[PDB]
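Number of protein chains: 2
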Amino acid sequence: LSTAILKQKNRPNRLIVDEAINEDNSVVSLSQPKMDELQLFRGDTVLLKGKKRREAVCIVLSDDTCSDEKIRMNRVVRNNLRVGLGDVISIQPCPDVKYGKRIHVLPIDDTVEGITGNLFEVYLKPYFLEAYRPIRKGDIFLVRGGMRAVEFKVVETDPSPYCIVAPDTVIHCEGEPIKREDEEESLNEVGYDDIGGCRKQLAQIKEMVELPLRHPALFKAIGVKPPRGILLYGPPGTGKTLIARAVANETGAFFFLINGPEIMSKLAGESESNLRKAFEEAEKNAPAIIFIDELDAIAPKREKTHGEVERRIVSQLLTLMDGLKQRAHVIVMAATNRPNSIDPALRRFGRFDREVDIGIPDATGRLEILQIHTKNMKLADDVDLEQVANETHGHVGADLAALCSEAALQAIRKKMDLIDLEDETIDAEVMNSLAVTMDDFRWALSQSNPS
Amino acid sequence: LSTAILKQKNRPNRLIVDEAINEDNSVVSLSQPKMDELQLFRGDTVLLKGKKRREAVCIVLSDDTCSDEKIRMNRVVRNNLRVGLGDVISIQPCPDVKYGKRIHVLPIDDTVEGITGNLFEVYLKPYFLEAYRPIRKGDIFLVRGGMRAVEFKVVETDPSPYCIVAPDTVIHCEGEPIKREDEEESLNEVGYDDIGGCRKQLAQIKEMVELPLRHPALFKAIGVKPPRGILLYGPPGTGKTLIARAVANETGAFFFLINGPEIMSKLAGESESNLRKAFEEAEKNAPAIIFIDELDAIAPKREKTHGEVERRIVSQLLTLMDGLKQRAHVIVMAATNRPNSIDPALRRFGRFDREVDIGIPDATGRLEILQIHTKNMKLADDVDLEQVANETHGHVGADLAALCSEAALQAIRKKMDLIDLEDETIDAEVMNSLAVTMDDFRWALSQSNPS
Ligand SMILES: Nc1ncnc2c1ncn2[C@@H]1O[C@H](COP(=O)(O)OP(=O)(O)OP(O)(O)=S)[C@@H](O)[C@H]1O
Ligand SMILES: Nc1ncnc2c1ncn2[C@@H]1O[C@H](COP(=O)(O)OP(=O)(O)OP(O)(O)=S)[C@@H](O)[C@H]1O
Ligand SMILES: [Mg+2]
Ligand SMILES: [Mg+2]
Numbered sequence: 001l002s003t004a005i006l007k008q009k010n011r012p013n014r015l016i017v018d019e020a021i022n023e024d025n026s027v028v029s030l031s032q033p034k035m036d037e038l039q040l041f042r043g044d045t046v047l048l049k050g051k052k053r054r055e056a057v058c059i060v061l062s063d064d065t066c067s068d069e070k071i072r073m074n075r076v077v078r079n080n081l082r083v084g085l086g087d088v089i090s091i092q093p094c095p096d097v098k099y100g101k102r103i104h105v106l107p108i109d110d111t112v113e114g115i116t117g118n119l120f121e122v123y124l125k126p127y128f129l130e131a132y133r134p135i136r137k138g139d140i141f142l143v144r145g146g147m148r149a150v151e152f153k154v155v156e157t158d159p160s161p162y163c164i165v166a167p168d169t170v171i172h173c174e175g176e177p178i179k180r181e182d183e184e185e186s187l188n189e190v191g192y193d194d195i196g197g198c199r200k201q202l203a204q205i206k207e208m209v210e211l212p213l214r215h216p217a218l219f220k221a222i223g224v225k226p227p228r229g230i231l232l233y234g235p236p237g238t239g240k241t242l243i244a245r246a247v248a249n250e251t252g253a254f255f256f257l258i259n260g261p262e263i264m265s266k267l268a269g270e271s272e273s274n275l276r277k278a279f280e281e282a283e284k285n286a287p288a289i290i291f292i293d294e295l296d297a298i299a300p301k302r303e304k305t306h307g308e309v310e311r312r313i314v315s316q317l318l319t320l321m322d323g324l325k326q327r328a329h330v331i332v333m334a335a336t337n338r339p340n341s342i343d344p345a346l347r348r349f350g351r352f353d354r355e356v357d358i359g360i361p362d363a364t365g366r367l368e369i370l371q372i373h374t375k376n377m378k379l380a381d382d383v384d385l386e387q388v389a390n391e392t393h394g395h396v397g398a399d400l401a402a403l404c405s406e407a408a409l410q411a412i413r414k415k416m417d418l419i420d421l422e423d424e425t426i427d428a429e430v431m432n433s434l435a436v437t438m439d440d441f442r443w444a445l446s447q448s449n450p451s
Numbered sequence: 452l453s454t455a456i457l458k459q460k461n462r463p464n465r466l467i468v469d470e471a472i473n474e475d476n477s478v479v480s481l482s483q484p485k486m487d488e489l490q491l492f493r494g495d496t497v498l499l500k501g502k503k504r505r506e507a508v509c510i511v512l513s514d515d516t517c518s519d520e521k522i523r524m525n526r527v528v529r530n531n532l533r534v535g536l537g538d539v540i541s542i543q544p545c546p547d548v549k550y551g552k553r554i555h556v557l558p559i560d561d562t563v564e565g566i567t568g569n570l571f572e573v574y575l576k577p578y579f580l581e582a583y584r585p586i587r588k589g590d591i592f593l594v595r596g597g598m599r600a601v602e603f604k605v606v607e608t609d610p611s612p613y614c615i616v617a618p619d620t621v622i623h624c625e626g627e628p629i630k631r632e633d634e635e636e637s638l639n640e641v642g643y644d645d646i647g648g649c650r651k652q653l654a655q656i657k658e659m660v661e662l663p664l665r666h667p668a669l670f671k672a673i674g675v676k677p678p679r680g681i682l683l684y685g686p687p688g689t690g691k692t693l694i695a696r697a698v699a700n701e702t703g704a705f706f707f708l709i710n711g712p713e714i715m716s717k718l719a720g721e722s723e724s725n726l727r728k729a730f731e732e733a734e735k736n737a738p739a740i741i742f743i744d745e746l747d748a749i750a751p752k753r754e755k756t757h758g759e760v761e762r763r764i765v766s767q768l769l770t771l772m773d774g775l776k777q778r779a780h781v782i783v784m785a786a787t788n789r790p791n792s793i794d795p796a797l798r799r800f801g802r803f804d805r806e807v808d809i810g811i812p813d814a815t816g817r818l819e820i821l822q823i824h825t826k827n828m829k830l831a832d833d834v835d836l837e838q839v840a841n842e843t844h845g846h847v848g849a850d851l852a853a854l855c856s857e858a859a860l861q862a863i864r865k866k867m868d869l870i871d872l873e874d875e876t877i878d879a880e881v882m883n884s885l886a887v888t889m890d891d892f893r894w895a896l897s898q899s900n901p902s
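Chains A and B supply the protein sequences, listed in that same order. Take 1 as the starting number for the first sequence in my numbering and just add one per residue. Take 452 as the starting number for the second sequence in my numbering and just add one per residue.
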């Protein structure tokens, strides 16, 4: 009912991802009735939109084994769109694409140990020659070169974000090998899928933050000013910083983070300077979101705070908040676990006049969180997350994350005598057999703690 | 059952130390079936691992009076490995060893009074010539030179940590004699063997600190992030600082110590600078442990603390704690005796989210502590430590150490009339007859005090 904004809605170009028959990195497959519906001729360059603001440029072909409302794509495309089989994507016509001037690609380190020879000659030139490949900045793609397969990252493009790779296109692969951990910490990046039992609130955040920035026309047309300060509150560990990260990674808006302790750690004046620099930066760049994490650090009750610099900072913030005129298109978000210790002046009309309660999850919410946490964990058949969800009454998201960590440590302990602290590497068999059992969860449960 | 991590595990190369028949400083003996099992030819340079991260480089020879699962080595090697007869050691092949360029040795002061002549000519040259001795940095070795025996320390080596001493190797013995007290305070250095009634907690520390740094692959494979802030707490004098010292000496990780009062003693800003320098240093150096001792000195509850500089430090620490990304491989340990006075922000998820209670010892634990303290004391037959353990209901390790000191002072008092405060030296006979009796302990017990 209120949750209406979160609903996906069926569109002509909103398609479910299926596994590819054509395993080329540049190709996506559609049924023939769907291509006619979208006015897409064979071999047209297309723009695909995934999760977490991710994109890929592909060339579209007709497939008969494919269903009407499905799209076929390999792992390389699915990775670049940060999607798994079954997820929905947008498909857009893309006749805009310029021919490429200069591109800069680099190999992922762990897929490139032993023999350089020439990376352009062995791998890249046979991959691109006469292929007229569409590529996007930040694409990770795989190329076989007889012997084995090397993954490459598109670092730069001379036509703005995406281009077609023609014979003209100078292919550079100059610098050091791109680190594996960097790109794995990039897949790590928090999206809305990584936040559990918070549906009602994510709906509220998209209403108050995402909707007025992307569509200011709506609010201006109806005759209403968009609320400009949203304050997330709730007990420690409920998911506020997580939502902050999600929003940062999910929004069309420019995002600026301010950490409370990070500001208060600075020299007198140099902190007030960074607060100003934040707001000037947000004003300068697009529709924008300013996220003040741990607000109570910077803005406690002026009445009960000893230092002059500390009182000056709260005043600096209040001024900035009223300093944005309507036409700035800047929303300030803030998170706290002690809302009652914030200066009431900041919670007045026009400032942080809207509150989102990120409270304690219910039994249903906890199950989501457990499913989110264990999505990379090796679990046994006998693990019942429904059972764990019910036995975890007072638990919030942080408590559940800890529970899963201790369940895993227990499984490591059960494998201890086949492991020693002294040897350089752990045995390969021991690594594979590692599964977290329900027994492990019950041991974690017996140790667990509220609030 | 949980304690599984502490268990030693039998290995082909894990051997018991027996007394040597071959009394050379460079030589270790093994049975012939064991040499074949480890693929060790006669006269191969080997690396031995002892207690408290200590090592020796030896040359291996076959012995027939030696058992299969035993190793023979003299006092000098045992000293260098900080092991006594019966302790287990690792043995490793070592064919890496370069020929030495320059070494720097120095004599131990008390073993060098009267006649210099030439230390290199009389002692060192005949010890090394055509012998191709393996030596490690930090080795203390004894050499006879007709008249008497002088102990020398290896201060420096031009091939990194260890080298072979060939005729090529320039032998320097330039500087001042190394002080006896320096090397006895180096034998003094704390290891896990010096910490009593803390088995459960030592196992926890190895799980949360040692395991994820030496084997990050386990936690990454199972799909779990390693906890990154461990907080030791308990009453005054239970052994927190003692464990701190033990870990520092026992770990494969680079270790950085921060003392609370040592930071708070510094000028405004220059304290925040050392904190950053500590974290930047730990990040720069390997897998690392940062130990913040007496954390309550640096991080009290921001709500109830007067100084602006004092509030700024807590903020500085929080920022550093969060500043470490997962892939830093740095664990922060901290100790306190008033956990309830630390800012709660620091005890949240991702910060100091794990706790180890170093509590009051039980009757069994007290016995361990008394055995650890008295290992260098001269005791009598009638001294029953089990009796003393039972009569010490409220006592913690610090109280037990003090109890032992006062028992010993009593034994000195019993010997008083044969001693006087005015004479330059104490009589030789009086020194040897000094034993701490049971009666002394009952006197110590009558004086003792709780908490
Ligand atoms: N609703 C949630 N869904 C999924 N994971 C969660 C959720 N809440 C917490 N977690 C996990 O717990 C961790 C810590 O939660 P945070 O987002 O830091 O809590 P917080 O609300 O910011 O707490 P405070 O107020 O800063 S102490 C996250 O990194 C997640 O792994
Ligand atoms: N569990 C123990 N095992 C062996 N010796 C101990 C133990 N606890 C205390 N001691 C002895 O008592 C001395 C003082 O203990 P510390 O390690 O300083 O205690 P602490 O827990 O650091 O106390 P705080 O919190 O700094 S007041 C040590 O040097 C040891 O000699
Ligand atoms: Mg938070
Ligand atoms: Mg201490």
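Hints are not guaranteed to be accurate.
Unchecked claim - With a straight-line cut-off of 30 Å between C-alpha atoms, the simulated DSBU-like cross-links for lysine-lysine are:
| no. | chain 1 | residue 1 | chain 2 | residue 2 |
| --- | --- | --- | --- | --- |
| 1 | B | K460 | A | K179 |
| 2 | B | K676 | B | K717 |
| 3 | B | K502 | A | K378 |
| 4 | A | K378 | B | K500 |
| 5 | A | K179 | B | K671 |
| 6 | B | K671 | A | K52 |
| 7 | B | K676 | A | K51 |
| 8 | B | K676 | A | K378 |
| 9 | A | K200 | A | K137 |
| 10 | A | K277 | A | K52 |
| 11 | B | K776 | A | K52 |
| 12 | A | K277 | A | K225 |
| 13 | A | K277 | B | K776 |
| 14 | A | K415 | B | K552 |
| 15 | A | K375 | B | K676 |
Stated by the list, open to error - To give an idea of the chain B side of the interface with chain A (calculated C-beta under 7 Å), a few residues:
| no. | residue |
| --- | --- |
| 16 | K671 |
| 17 | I673 |
| 18 | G674 |
| 19 | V760 |
| 20 | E761 |
| 21 | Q767 |
| 22 | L769 |
| 23 | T770 |
Since the hints were derived computationally from the structure, they do not count as laboratory data. All C-beta atoms, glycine included, are put in the ideal place defined by N, C-alpha and C.
Now the hints, each set against the structure:
{"no.": "1", "hint": "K460(B) / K179(A)", "verdict": "violated, 37 Å"}
{"no.": "2", "hint": "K676(B) / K717(B)", "verdict": "violated, 35 Å"}
{"no.": "3", "hint": "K502(B) / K378(A)", "verdict": "violated, 36 Å"}
{"no.": "4", "hint": "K378(A) / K500(B)", "verdict": "violated, 36 Å"}
{"no.": "5", "hint": "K179(A) / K671(B)", "verdict": "holds, 17 Å"}
{"no.": "6", "hint": "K671(B) / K52(A)", "verdict": "holds, 24 Å"}
{"no.": "7", "hint": "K676(B) / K51(A)", "verdict": "holds, 24 Å"}
{"no.": "8", "hint": "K676(B) / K378(A)", "verdict": "holds, 14 Å"}
{"no.": "9", "hint": "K200(A) / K137(A)", "verdict": "violated, 35 Å"}
{"no.": "10", "hint": "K277(A) / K52(A)", "verdict": "holds, 27 Å"}
{"no.": "11", "hint": "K776(B) / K52(A)", "verdict": "holds, 21 Å"}
{"no.": "12", "hint": "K277(A) / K225(A)", "verdict": "holds, 26 Å"}
{"no.": "13", "hint": "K277(A) / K776(B)", "verdict": "holds, 25 Å"}
{"no.": "14", "hint": "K415(A) / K552(B)", "verdict": "violated, 46 Å"}
{"no.": "15", "hint": "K375(A) / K676(B)", "verdict": "holds, 13 Å"}
{"no.": "16", "hint": "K671", "verdict": "violated, 10 Å"}
{"no.": "17", "hint": "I673", "verdict": "holds, 5 Å"}
{"no.": "18", "hint": "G674", "verdict": "holds, 4 Å"}
{"no.": "19", "hint": "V760", "verdict": "violated, 10 Å"}
{"no.": "20", "hint": "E761", "verdict": "violated, 10 Å"}
{"no.": "21", "hint": "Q767", "verdict": "holds, 4 Å"}
{"no.": "22", "hint": "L769", "verdict": "holds, 4 Å"}
{"no.": "23", "hint": "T770", "verdict": "holds, 5 Å"}
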